[PDB]
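Below sits a lone chain in structure tokens, taken as the form solved without the ligand.
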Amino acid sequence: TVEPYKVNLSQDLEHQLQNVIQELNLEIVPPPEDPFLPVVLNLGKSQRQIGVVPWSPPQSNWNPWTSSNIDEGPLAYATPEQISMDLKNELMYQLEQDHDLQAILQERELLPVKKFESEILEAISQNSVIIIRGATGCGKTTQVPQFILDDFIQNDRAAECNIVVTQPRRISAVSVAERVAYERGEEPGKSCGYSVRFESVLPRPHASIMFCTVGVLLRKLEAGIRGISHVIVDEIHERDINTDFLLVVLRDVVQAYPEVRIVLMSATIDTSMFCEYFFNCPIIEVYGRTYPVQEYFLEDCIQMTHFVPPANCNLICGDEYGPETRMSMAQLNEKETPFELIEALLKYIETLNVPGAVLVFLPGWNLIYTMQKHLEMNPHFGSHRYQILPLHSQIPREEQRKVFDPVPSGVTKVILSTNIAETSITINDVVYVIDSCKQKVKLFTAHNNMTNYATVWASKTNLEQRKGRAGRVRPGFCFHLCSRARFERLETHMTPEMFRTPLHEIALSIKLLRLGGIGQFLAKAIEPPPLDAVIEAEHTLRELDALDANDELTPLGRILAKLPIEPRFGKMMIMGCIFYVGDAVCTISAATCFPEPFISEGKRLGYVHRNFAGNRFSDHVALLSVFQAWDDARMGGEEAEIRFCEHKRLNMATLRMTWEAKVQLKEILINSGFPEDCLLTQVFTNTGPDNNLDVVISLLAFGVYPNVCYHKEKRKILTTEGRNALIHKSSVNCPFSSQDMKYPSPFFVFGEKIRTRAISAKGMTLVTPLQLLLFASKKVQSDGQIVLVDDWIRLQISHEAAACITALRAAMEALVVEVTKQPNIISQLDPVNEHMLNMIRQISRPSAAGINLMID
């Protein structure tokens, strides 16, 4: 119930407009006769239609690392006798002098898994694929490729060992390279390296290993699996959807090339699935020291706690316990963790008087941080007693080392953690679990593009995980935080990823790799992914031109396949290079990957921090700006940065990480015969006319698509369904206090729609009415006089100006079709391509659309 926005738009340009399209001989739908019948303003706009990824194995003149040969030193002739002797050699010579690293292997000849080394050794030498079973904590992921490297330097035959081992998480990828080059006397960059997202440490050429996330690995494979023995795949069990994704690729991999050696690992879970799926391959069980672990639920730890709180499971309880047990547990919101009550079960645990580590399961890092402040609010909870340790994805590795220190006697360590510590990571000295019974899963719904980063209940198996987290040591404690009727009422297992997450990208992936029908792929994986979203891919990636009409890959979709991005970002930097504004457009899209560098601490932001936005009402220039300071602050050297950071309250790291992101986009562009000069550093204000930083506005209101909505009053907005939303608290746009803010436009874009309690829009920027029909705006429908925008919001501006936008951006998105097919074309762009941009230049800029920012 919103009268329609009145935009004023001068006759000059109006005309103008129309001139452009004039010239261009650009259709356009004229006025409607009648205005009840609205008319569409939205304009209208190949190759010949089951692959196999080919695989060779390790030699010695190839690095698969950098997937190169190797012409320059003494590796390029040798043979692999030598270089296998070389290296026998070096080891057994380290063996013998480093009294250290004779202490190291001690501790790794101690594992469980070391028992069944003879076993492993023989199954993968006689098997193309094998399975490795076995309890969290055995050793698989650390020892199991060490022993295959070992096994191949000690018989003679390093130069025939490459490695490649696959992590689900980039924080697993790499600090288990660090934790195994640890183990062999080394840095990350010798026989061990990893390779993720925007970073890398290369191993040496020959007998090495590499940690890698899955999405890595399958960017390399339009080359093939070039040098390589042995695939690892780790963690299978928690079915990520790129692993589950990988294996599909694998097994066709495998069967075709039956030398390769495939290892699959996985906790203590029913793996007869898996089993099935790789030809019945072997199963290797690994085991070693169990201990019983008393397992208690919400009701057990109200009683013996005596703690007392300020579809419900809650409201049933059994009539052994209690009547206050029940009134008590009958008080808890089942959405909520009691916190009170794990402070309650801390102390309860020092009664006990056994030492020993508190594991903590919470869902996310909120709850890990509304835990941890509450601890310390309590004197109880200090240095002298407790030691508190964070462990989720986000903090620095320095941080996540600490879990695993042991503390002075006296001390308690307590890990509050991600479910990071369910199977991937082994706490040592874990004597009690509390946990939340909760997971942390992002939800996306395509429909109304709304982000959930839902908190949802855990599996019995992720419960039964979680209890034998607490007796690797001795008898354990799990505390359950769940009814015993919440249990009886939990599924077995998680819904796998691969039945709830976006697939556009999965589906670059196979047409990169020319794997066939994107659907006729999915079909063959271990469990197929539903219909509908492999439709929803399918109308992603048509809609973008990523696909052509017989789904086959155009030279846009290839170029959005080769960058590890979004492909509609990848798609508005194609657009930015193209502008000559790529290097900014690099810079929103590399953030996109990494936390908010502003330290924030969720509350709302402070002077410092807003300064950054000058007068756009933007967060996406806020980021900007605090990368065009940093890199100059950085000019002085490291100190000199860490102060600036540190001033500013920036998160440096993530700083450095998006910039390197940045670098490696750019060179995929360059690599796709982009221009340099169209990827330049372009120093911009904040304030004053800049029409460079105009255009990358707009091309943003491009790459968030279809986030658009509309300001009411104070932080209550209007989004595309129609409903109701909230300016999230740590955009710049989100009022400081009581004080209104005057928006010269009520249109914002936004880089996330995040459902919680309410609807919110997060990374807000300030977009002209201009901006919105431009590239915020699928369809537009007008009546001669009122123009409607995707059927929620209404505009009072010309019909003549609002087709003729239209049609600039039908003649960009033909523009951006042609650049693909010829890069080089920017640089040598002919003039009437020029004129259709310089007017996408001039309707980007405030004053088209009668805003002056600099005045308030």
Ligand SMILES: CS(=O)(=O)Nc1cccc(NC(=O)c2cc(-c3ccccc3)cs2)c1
The other form holds:
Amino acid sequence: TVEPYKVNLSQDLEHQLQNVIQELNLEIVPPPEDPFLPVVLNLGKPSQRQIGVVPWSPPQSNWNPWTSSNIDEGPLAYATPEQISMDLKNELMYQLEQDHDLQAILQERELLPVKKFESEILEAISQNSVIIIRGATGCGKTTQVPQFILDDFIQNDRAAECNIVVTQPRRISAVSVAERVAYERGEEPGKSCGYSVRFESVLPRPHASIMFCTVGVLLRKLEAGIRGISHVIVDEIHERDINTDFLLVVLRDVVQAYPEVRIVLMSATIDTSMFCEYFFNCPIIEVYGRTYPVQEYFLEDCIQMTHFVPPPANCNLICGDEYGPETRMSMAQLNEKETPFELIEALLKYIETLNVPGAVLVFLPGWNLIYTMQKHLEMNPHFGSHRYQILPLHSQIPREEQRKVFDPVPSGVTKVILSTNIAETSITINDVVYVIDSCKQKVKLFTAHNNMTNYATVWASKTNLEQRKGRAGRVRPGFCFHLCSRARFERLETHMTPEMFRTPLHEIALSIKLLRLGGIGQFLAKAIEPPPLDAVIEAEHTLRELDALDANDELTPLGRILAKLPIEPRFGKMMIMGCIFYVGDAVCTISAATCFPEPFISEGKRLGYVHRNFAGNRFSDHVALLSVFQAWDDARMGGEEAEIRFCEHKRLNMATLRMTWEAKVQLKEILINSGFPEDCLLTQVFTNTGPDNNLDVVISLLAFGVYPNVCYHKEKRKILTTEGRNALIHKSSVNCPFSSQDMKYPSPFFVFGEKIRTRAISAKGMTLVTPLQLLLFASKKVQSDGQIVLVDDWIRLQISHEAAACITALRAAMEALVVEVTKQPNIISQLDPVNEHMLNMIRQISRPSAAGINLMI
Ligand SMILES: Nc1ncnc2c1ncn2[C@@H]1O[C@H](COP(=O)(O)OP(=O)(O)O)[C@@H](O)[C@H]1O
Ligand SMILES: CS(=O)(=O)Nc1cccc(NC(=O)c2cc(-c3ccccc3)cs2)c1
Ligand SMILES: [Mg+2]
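Can you now output the form solved in complex with the ligand? The one shown was the form solved without the ligand.
Whole complex next, starting from this chain.
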């Protein structure tokens, strides 16, 4: 157990709290008659009910479908479709006529398996409202089909009547495919091709254009409707991305009401009968090309071929008699929960002895096991520049480094790709003869009850291993090396659990309400495979708690704002609260930074003197974050090269800071348009060492945003979670003790970003908060016996009943103000003296000094 923490609160402040509560006429819960029966201090403190179909209209010559606005300037404002159609045709005919590098690219395009199905695909699309283009990965579904459709309208003098939307499940795919199709038309993105992912877009031209966006972005732009679009291409439907599954529900209603629209669903070689039945038994256009017979090998075959020996229910124990005693004895020593890196090294050295030039595609879960495998290889001098080109391929690296996987290598060098499941069905790498398959997947499991994020390394499906096996037989007779026992393969599920089954639904719930599609549960019931009940109940509960929905489950003015903001609704509300306190910029910066990896280059180690200094004396990763932005935004003043020098010298990832800043500008814009004043979102300079009340309030609002992630510090890295369970301070934290010197925290309480479950519970991105900040924002339920208070039945404080119930009343007073503010956001300019008195009182108890703490000593 742990003793109740004493909160040394001054007599002056305890009166001020009581005064404000009295001035606001707040119904404070009085003390208990006796101990043993404690009282809850929590103060509990609508629109008419409505199904609806998202409206549709075809392309128009004086309309820009991407900016969702009229063209009332330039030549295209008055110009007729016939002129635009001829102007765009003549331009393309002349380009193909001249550019010899473009002619060569078109000659590569015309060799892709999909090419010979061009006639049938175009014929199918023209006849039917919806079709499915099923076909193996590498035929050219993604890159060619949109072009075929566009060219067919250009060549047949109807370029003005074509505007294609193409949805991709991943961010990287939307941007990469746009860059790829642009190159294939001898352009950069911004002409015939463009992309619109989250916090980054390059808009294409208003006519005869393709938009490669993510589904999340499309849904956020449907508020007006699908106006000025001829075709909607939903790509990679087989991956079962939750937002894609959701869009198919929307699009089916759209097809039914507006059958003139054209929907093209594109899928790998899977059972597409589910989607066919869903879209009124639509046609399935089959696409195929040359494939070679790939030899399948499992963990037994690999260990035996390489004569491998590991260092110092389990399916590695189960092994057939048709194998060797040492093979069976060797395999048995391998832990299934880890990937054998030394075996992959042994498999690469075996691939050499076969004397058949070809690239090796190594499938791994995430950026960690790719980083680990890469580091492991470069240690051995054999896997050097002269003999091996080892290229990593995951989401969070520059596109320059990702483009290099397609580049040919000089003969004598082997191209080894250490990739995630991006290279499973989403992209095809050429000259791939060998595939080393870990047989694992990285999925984000989230259990709401304990607020546990688990980036788990779970088993892949049979369908996954069959698709990964097929990545070898596109050049010549290939080999696939599965690192799973022949027993384990039998125990694998046929298909991966679709995201709809195992993902929070509150972001989708808001989308449903914004687009006015009716009831959350009513709409999600129409899904191709509806989500489980508790996930819909959990979503409806989450949005009610935030006052995003009311008792009638109808969207509130607050809920409308949260829907438009593309971040966690809890961070969206934290930003709204931030605006009220005139710290809107800082909270927008913090909110943005959650969407990107850490700007620090720590390399999975403890932080150095340089990175730790950004934290100041606040014992906060979030203060460190805000501080690198202050330092970075100051360094940018001296041009681009000075920015690159600052980043290199301070070991910072420049691409991360730029994308995060860009995101902050876009979040800020959505608040401005929602009615919030300009001068409550200004970049206010701050100190991370000296007294700063604006930073005090940011950390108070942080506590709200990351709730229910709070923890208690015991000794060294060992911390106590909200479940009363043991957890660790993450190595990458500033609050992680460097070497043996134990940190003297002025408070044991920490709010934090993610509650990562691995071997043990690891709290990442930690910020120290006072016990007053704990009671104000980082708690829901509070019970008092008169002397002790019980915060969410996990930790106890020794604080005056009066102060604890008053701090609990401010929380309710703030919620009430947030509701009033969201009805008319411009009221934060001039507030009632009474409202500013409770804001000033929150500002007061946000201070360290308020809890008798001086961070400078
Ligand atoms: N960035 C790229 N660099 C080189 N080749 C590429 C690139 N993107 C796609 N390709 C090639 O284009 C062809 C079609 O790919 P794609 O349209 O993604 O196929 P799919 O039908 O599987 O979606 C493949 O041969 C692939 O190797
Ligand atoms: C609604 S639709 O489905 O018919 N068309 C559609 C589809 C997908 C995406 C977008 N639009 C965008 O992605 C973006 C637009 C702007 C923008 C807007 C105004 C001024 C300046 C920039 C930035 S991103 C439209
Ligand atoms: Mg594809």
